[PDB]
Structure formats: structure tokens, C-alpha cells
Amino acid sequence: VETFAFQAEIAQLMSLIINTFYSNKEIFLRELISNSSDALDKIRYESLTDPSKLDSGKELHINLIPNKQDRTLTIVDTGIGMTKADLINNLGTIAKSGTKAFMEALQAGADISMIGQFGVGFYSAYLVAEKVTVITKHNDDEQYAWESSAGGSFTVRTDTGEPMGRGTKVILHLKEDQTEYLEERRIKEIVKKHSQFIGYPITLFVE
């Protein structure tokens, strides 16, 4: 188990998300489904020239899994996934994101719902989650589990409990007052409202 400190600006962004009273929090689903869709476009494209890239699963889709017993909402995709390096870079540092631009925009009156246009929509998960676990498997690496309850640090460790072929699973450990996002009606309404045009199947699992 390795522990890392988020780059300062990312930590700052995360605190802002957790401490703000933004009302339209439902957009966290749109942002994660968007990320999944983009990850799916990637593997789809690479497979165009390297058919073997799909030996780890040819099906390209997105699964939404609510569990009221564990109070978690999980977003799963069979996209390109992330290597260990990808996890530490894409999720722990500004990297290619517009973190700085986004934080400055918020000070200038920008809206939180625009978070996705700055390449940091993942973090909106903290609008409704106290902790986020990310399990991912990329064709070029082994399976890994990333995790953070904010506070400035995150952990990464190899995940061997149950192989997933290829993709990313974002597990949202919901805040006590955000359980509405586990209700079928609520989830369906959100998907129809913000992700109706996604070019991949989105299946809502029944509990």
C-alpha cells in the first residue's frame, strides 16, 4: 500500500468541492459517465489498428450499480483503463487538466457544473461521496486500486480480489445525506437528463 500527497492545487480543488454548497450536485454522474465514454472511445480507436487490444473484452459499455446496503453507487466501464502511472498522474496531479483555470474561473463567477470542461470532472464525485475507490485494469499493466477520502492524500495498491478484464470502476461511498443517488427513479432521471446522447449502452443494475 503506497500513500501519496495530492499536488497542492488538486487538494485545494477537492476541499472546495467538499466544502461548497453547490445545489446541482447530480452532475457528478454526468461527469463520471462522460469520463467512461471517453475511455471507451480510446480503446475503440486503438482496437481499430490493434484488434488484440480487445482480447480483454470486446464489449464496450457502462454499468451503474447502486447498493443501498453498502451505501455505494458504482460506475463501471470497459474503456481503456489506467496503468499504475496513469492513476498517480491523472488522479493525483494537475497533469493535462485545467485545474488552475477552473479554480480561477470559480473565483470569477464560473459554475461548478462546468468542471468537466476543465478536465477535472472526476473530482465532482466528492460532491456526494465521502470516499472514492477506483479500481482499474489497463491492457499494459496489472489491476490497481486507488482511494481517497480527501484530506490531502490517496493510496494505491495492487488489486487481486477479482480481475475485471479491462476498464475502470469508480466506487462512490456516499455521504449520509446523499443516498437519493441510490434510488432507481433518481438515477434514471439523471441519466436521461444529462447523458441521453452517450454513444455506449448504459445499464442500470437492479438491487
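Take the two forms, find the largest set of C-alpha atoms that superpose within 1.5 Å, and that set is the rigid core. Residues that one form lacks are left out of the comparison. Numbering follows the first chain given and starts at 1. Compared with the form deposited in another entry:
Of the residues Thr133, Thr74, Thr83, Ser97, just one CA atom moves 2 angstroms or more between these two forms under rigid-core superposition; it belongs to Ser97. The protein segment that moves between these two forms, counted as a run of at least three consecutive residues with every Cα displaced by 2 Å or more relative to the fitted core, is 89 to 97 alone.
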Given for the second form:
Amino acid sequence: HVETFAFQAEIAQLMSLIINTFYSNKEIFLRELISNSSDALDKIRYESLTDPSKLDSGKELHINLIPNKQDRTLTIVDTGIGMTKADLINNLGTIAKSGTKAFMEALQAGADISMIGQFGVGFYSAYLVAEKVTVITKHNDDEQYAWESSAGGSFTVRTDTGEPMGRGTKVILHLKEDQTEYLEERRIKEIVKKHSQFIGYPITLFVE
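Can you swap the form deposited in one PDB entry for the form deposited in another entry?
Keep in mind that what follows is only the chain, not its partners or any molecules around it.
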């Protein structure tokens, strides 16, 4: 069944900032997730170096960007370490909760949002483009989970029953009505080339 959680009020508060503040340079939302995905392919390249039985859930280490116009969705799939329940529910909430304050202190004093990454809170970047985000993730030690939040204070998590994804994180952006420009191949290739040309993992932009 579906469990409902509340955001730590600092996370809540953040998500509003992102959602309601005027900021036109939204495309950066994507290199944050690319980057994030690289950070989770790093973690598992590394661990498998000592324990190669960790790759039994999938030898192949790659990023996939998937645009779906009919759904209004860009998913960023990745074969990374993945997230456990304790991750989704309590461990991420914890780290995120410092990243948030620093990021927000650093805001008057005129840093800005394209910098949310140097603060550990990149993932929340999605909220620039996404009206609801759905994380489908699969760790080696735990069950497969779906996390979802349309923001506004609360997130859900359930055990998934979709395609068994083997090991990874899929992040399905359910884009707002006026942001469909990131559903366009020509527009996705330009951001990748601009902001993520050095990611040491195969990035595959699916066409439609």
C-alpha cells in the first residue's frame, strides 16, 4: 500500500522557493540530474571494485534520457547504486536538510539558483520544470520503490510493480504545460552539449 510522508519543513520551504520564484534559466534542471546520475554510477563502479557480485543486478553502466510527448514526460534513467527505503524515507531527508539552509543563506548575498548543485540539493531542481516527480529506483539490498511528490509539503512512497528495472534510478518528470520544450530532441541535445559534455558515462538521448 501507499505510505504518505511529510517533507521536513526546510525541504518543503525550498520547493516553494523554486516553484514560485521568477527564473527563466530553467534548462539547468537537467545537468543536475545528469550529474546526480553520474554520482550514482560512481558509487557503484567503486563498490563493485571490492565486491563484483554487486553487478549481478546489471553490468551495464549508463544514462538514458527518454522524452514522451504523449505522457508529457522526460525520464532520466540510470543504472546507479540506487536508493533504499531508508534512503527515500529518512537518509535523503537528513542530508538534503543541511544542503537547504546553506543554499538559502547563500541567496540574499546574491548567489543564485543555477548553483543549487554545489549545495547537495540538485534533484529538487526538477521543480522548475516538473509539476510532479516520480522516482522509480532499485537498490541491491532492498525492494524496488516508487517515490512521488507533487510537492506542497508531502511525498508518497510505495513498493513498485512496474517493469523490474534490475538496479538503478528512473526519474519521471511530469512537465508543466508551458515547459514542453525539453520534450524536443533538438532542445535536449543542446543542453547536454552545453552543460554535461564531460559525464564519464554513455548518455543516450532517445528519439520518439
